[PDB]
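This document opens with one chain alone, in structure tokens, the form deposited without this ligand.
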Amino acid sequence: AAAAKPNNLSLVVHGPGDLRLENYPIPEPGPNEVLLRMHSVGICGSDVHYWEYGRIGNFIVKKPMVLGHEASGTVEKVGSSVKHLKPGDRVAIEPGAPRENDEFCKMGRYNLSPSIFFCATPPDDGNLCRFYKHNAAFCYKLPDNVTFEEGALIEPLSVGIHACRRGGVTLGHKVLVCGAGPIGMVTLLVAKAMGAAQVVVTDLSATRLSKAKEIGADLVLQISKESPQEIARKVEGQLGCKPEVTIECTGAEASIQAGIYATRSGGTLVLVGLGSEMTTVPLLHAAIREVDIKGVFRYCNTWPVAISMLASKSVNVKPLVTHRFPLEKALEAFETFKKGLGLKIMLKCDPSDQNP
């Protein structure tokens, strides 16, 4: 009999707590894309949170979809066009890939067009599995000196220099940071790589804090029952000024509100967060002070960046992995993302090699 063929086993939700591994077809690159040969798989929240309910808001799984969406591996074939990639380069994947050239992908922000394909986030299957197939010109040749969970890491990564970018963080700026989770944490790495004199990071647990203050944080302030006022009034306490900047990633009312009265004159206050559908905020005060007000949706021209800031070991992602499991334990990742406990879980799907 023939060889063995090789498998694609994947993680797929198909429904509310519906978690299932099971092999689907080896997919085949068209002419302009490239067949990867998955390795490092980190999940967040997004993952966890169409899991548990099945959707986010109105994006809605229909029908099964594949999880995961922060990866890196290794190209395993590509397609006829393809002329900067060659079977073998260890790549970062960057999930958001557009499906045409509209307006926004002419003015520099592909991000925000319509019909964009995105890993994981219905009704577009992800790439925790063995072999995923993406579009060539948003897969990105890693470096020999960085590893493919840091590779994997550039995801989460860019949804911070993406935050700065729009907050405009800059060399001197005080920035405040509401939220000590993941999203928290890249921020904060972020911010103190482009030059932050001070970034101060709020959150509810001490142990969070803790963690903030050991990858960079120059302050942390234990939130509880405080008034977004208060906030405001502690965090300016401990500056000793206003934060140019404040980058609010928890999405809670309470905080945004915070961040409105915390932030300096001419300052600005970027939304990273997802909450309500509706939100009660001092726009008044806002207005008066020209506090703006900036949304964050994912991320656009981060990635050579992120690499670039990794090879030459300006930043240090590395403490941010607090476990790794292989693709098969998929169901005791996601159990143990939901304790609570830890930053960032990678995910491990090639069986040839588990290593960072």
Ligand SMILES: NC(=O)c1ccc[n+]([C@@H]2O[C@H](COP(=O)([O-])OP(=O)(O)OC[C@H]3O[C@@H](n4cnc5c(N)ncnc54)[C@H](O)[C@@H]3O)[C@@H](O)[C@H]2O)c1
Contents of the next structure:
4 protein chains.
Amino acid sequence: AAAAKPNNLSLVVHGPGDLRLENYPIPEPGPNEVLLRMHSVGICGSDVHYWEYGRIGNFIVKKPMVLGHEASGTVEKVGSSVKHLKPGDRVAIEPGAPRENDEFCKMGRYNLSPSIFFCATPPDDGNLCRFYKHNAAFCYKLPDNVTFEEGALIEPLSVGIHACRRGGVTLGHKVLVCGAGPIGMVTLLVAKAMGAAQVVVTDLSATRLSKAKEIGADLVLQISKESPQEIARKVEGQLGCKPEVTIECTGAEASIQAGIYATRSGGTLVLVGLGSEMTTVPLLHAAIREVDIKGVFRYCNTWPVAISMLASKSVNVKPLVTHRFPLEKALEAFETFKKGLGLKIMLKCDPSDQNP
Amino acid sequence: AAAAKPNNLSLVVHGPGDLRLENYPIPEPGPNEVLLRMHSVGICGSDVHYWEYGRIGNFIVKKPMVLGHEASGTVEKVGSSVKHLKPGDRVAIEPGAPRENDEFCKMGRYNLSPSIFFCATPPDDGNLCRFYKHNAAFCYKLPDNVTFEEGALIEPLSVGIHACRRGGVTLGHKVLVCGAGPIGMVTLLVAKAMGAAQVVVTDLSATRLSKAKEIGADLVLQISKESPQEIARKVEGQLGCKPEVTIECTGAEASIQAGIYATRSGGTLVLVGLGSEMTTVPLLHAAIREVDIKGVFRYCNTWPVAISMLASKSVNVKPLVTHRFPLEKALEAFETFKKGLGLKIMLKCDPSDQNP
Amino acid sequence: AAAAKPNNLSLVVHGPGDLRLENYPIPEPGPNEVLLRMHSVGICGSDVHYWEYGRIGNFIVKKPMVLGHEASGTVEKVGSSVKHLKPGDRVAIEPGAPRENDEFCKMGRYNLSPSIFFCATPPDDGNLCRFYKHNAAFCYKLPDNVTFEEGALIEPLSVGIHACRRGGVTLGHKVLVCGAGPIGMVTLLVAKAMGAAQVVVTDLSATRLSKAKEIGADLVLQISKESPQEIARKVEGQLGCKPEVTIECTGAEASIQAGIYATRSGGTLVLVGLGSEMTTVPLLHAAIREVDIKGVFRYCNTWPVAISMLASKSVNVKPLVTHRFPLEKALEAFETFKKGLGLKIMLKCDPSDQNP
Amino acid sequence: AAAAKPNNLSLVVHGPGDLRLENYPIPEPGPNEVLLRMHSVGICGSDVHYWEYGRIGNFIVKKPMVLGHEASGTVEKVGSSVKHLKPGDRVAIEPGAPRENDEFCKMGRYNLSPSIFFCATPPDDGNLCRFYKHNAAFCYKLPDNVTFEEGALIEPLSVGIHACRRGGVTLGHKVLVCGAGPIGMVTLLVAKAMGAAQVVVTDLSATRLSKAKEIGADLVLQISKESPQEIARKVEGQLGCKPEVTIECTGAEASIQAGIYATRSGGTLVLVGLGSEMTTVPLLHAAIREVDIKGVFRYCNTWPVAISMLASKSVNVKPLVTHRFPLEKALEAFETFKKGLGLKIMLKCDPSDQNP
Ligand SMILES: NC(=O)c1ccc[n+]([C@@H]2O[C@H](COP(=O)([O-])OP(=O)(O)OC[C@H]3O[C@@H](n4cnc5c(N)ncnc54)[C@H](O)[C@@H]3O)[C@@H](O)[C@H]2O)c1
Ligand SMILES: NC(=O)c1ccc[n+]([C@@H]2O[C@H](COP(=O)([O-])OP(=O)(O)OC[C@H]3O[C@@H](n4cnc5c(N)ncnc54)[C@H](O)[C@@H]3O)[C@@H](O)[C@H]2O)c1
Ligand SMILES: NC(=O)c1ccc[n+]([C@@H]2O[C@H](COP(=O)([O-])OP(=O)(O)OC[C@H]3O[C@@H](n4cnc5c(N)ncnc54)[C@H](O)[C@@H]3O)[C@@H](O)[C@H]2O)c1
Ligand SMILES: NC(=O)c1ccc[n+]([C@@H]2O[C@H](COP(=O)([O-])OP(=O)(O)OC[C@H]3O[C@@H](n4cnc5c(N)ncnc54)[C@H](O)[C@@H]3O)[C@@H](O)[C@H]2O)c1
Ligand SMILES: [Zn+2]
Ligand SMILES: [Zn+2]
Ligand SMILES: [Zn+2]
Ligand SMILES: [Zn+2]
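Next up, the form solved in complex with this ligand, please; the one we just looked at was the form deposited without this ligand.
Once more the chain from above appears, this time first in line as the rest of the complex follows.
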């Protein structure tokens, strides 16, 4: 009998509350794709939400979908046209890969390309499996002094990088970050790395705020039942001034209103968190003080920069990982996520290496 | 007896529905100010609103306030430190003059200076009178080939210049302008002068849209009871694509929502129109497609540019003037404004010259 | 006997002074390429220089090269993956097509991609022939009201568009354009279309300056033997001020120095013309007044905008065409170019349609 | 007899090699000025150059000029219109203060205002004395946790802040800094604080490079007689890529050329160093790869930011101070500077407090 073939066990969502571990064919890379032996994949609210509700807004799982989109792996095989990667290369995978070179791509904002492929966003299958193929241009080699988990953390870190860029965060800025979830945390890390003089972080959880303090938050504010205006007042009282940039990472209407009231005139309020379709806010207040309201849709051109920051030890995201499980314990990992006691949970897909 | 002294008849609002023509002392210019013999002053909804309600938002007339803030005049006398202006110079007056060189002025956005002085915005007296003194740095000499009325029209034109700048309007753009009032009209003029390939103007009035066409609107849409999504659909239908920039000049919530749905991803929605304190809008929609929402608060650094555009005949604002009255007929002029049949009404304050 | 096959007569440069018309195989389009029946191709100094010297700097013809890179044509056949174009579509061809999605492409500046393919720049064959294949993403459909020659003129127009963007040309600017060659002319057209209040054009030829006047030049200055400082003085005297932007389209050292001396502090000097490897200039003068010196390497993201400006009749480049010849008279066309009496010479490659 | 009056001993240059300590009248502050009891004043090559040659370029000392322009002090008295400062306030003094609100000030680039007043640049007297009056808008209160010397170091630090801003230095960038003098050093500090992943510093002195390493330089290159291309090659060799930004802080022609060759395409070469009037450089090389060349003229809008960075301990400039002398030993301090063995020399003007 022939030698046993490799397997491609994958974590799949079939519908609400229907999560399964099942085998998939081994992908074959096209001329400009590479086949990756998946190593580390972090999970986030998006994956868990698809599992629980089978959808996220207009994004609905109409057919079984493989989850996972924050990952790194090892190049197993390369397509006939791939030149910058070779078997054995450790790489970080940027999940959003444009299908066509449209005007958004040409202008440098490929994240807005309407037909972009994106891991784990229906109908595009994610990378929480053994073997995964991806456009080679969006697989970035990791330096030897950067771990697989760091490579996987580049995905959430990139949201923070993109958010701070969109907000214009720069040297000496006083920045308000609403929310101490993993997104608010990476935003904090990026803001400090970009030279923000003071970063104030808010959240409903004292626990998450204490963690924020641990990694650099200069000031923290636990939100209980204060009004948006009161929050803005407390933030300003703590900073001794109004923050030039507010990065909203909760998606909560009250927080958005607070961001509008708190941001300095001529400043920028970046909306990262996703809330409901409609939001009632004091637009007049923001518009009249020229406080710009800029949204964020994932990211663009952040992987090389993230890798440079990690390789130079300019930022430390390792503290973000609070738990790791092998791919096979995905269900246990998802249930753990729901407990909401951690931050970032890593899934280890390569049986030959379960290390960071 | 001595020769008769000059007079400074002024148009003053004492409260809701209390408009009066009364004499004021002749201002004496300080070292860095100039005394102007007012010539042409255009009036707008702001002046009329202070007349009708004695206030606009939180800006309330607590003591009689002279109206007018869109003006030009002739330098009568100059302060001991003034050197760029001399008696006889025809000048356009920029109404907003900072009282202190704060961080906003230093960074180039003096319009956001908290303590800025602004004509006809309580408690600062306007210039609808015979003689008015103003900071010399904010009085700009008009070239011989630019009329006083064009000089007065620089104020509303500047709102359009600032709005298009904030929106990033540039060569080849498809621009949507919501509202065909004088503000939407100057915005249309500026957008076209900046190279916009197509400008679509919307409004409830067919008459205003017809006028928009006359001065350059490539396409127009009369709005009735369509929903914001339907408006967005129609605009896109006319353009065959989504406008990269939308300049909202109505303040109507429905129009703001339409702008969010209509604007191309990565584009900009500029909020010029003033509406209610709170607004319900689809921020999530704008965020996911990175449609920036930028407000406008008057303007900054637009007078020299406006003057250059007028002197080179790059724009023609004259069609905006639909009526002109001598200062003494200010009441009739405000009554005519209330008829909402015109566009821009000019008040002529210099008895020696009532010409454009 | 079988029907006669089509031909692909091409204009080829074999070495200095060795220009030949010879037949080439009919290209076969790959999955994302389209085969074009070439219609109109404009020629410029680059093509003529390759013919005369067999090279341009480090760009040397090491093997016979087909000339031509300013063109338009009709889609003859489309690759299996092409979706936005179909046979019969009239298209404008952007000559620079990236071979790989590197960081320059992702960041929105594909013109800087080191491995970019570019028509008629050794070793990449141009499109002065009957049939030519090209990446479909870089073939743009022409509206019915835009001619083939206009489509071909988009290439030089794009240099002007890119140059003005790089220079920050905007509403009300006083712009100095050095050189009245076709590049200086399209720059002039673009500057005016972007809202420049006054454009001053310089040149050694009164003839070219008169042509410049005809298409919009507000002011012209024929250069004889004045020094750079004298030129700067005359330009300022004519404008009554220093231009905020200077676009150098001659590549001449003296002109570059003049641009440095003439540009307003805080302004921008754009270098479009190609001179010698080294240039002696008053860097200190520019640097100390923060006059930025920005170069231009062809263009990026200008075709859709150019098409929008042409389709909306916002700019008129037709006056630029001073002569047209069928492909077969290429030698006569090149000799005519050398006479330097015209501006843009068009080659007509489609025997079935020799019209504009 | 009456009580002894205070003195205003000043360090004055009468001409080449003619430095004197002499008494000046005590300045009386105007309505918008403040009188400062000078505390700490750092000296730099500019002060020393005026001493040695009695001039710098076209700025010539035609009458005795008080030196010093990098200072901090204590508010002694305030003008009748000053409200943001009071007696006893510790403040940092920004030396460049505009005399008129011209278009440069209005646009946010007051450093380019032609009539700007600037300490110790003939004919404007500096602040190396006991009492000095200055525009109140340009005196910034220092937080309690920021020393007077740090306040004085804000001036050179601001050159670095402005330079990095002009260069677009940001997160993850690889930056090349040419020159390890105090200017290159502060530039290094700022680049790292702004998130640069790697900063390479070059210099002729191994000692200065060793000091650069001590404060953060990731890589250093000692320059001997290598050519500009060789320097560019070596820099790239160390980084494994080309730096996105190069900040030239030597003024040496060879270094400027190296910067052009070394900078990544689409990147920026910032010219801070002052050299000869004319410079021979490969502009064609920079243009073809769109390497922008931006000069720096002091700074604008950097004091509040510097103060925020110092108060938050985001940067440490203290290591730059290599020696401190009381005002009375100014001659010895200038002699020590000429020994070129230190970096930043501080002069202590307040006899009541000679501490940092
Ligand atoms: N736009 C994008 O591209 C993108 C990509 C990733 C995540 N997101 C979104 O960003 C948001 C943050 O995600 P995450 O993983 O950090 O989520 P999370 O749930 O882990 O963290 C959100 C935090 O907000 C806090 N919070 C809730 N309401 C608050 C309020 N009113 N005031 C202050 N704090 C409040 C919560 O206690 C929590 O710690 C989510 O809405 C997520 O969907 C956006
Ligand atoms: N932010 C600023 O600095 C600033 C300065 C000037 C004016 N403004 C504001 O800009 C707005 C425009 O003022 P204006 O003088 O042109 O006013 P206006 O009343 O003359 O014109 C407003 C126009 O909007 C139209 N309109 C109303 N609802 C509409 C809708 N749903 N769809 C389309 N069109 C609609 C009206 O028919 C009218 O023609 C006002 O709200 C004014 O207060 C702002
Ligand atoms: N960087 C790019 O991507 C790019 C692409 C196209 C062309 N170019 C370059 O732009 C330049 C202009 O090309 P073109 O087709 O218009 O060339 P051209 O030869 O037709 O025109 C150049 C003009 O400059 C004038 N001139 C020469 N020296 C002058 C001086 N000292 N003062 C004033 N005028 C002077 C000439 O009389 C002539 O009219 C060339 O150097 C060309 O190679 C650059
Ligand atoms: N533009 C402005 O606003 C402004 C303000 C401050 C200083 N500056 C200028 O910036 C420059 C830096 O001044 P500073 O105080 O640091 O001077 P400095 O003399 O202390 O330092 C200059 C350094 O350059 C090094 N150097 C010289 N030639 C070199 C070369 N070819 N390669 C590499 N290194 C080389 C020297 O060894 C020295 O360490 C000076 O030219 C100064 O005039 C400009
Ligand atoms: Zn995620
Ligand atoms: Zn008005
Ligand atoms: Zn060409
Ligand atoms: Zn100094």
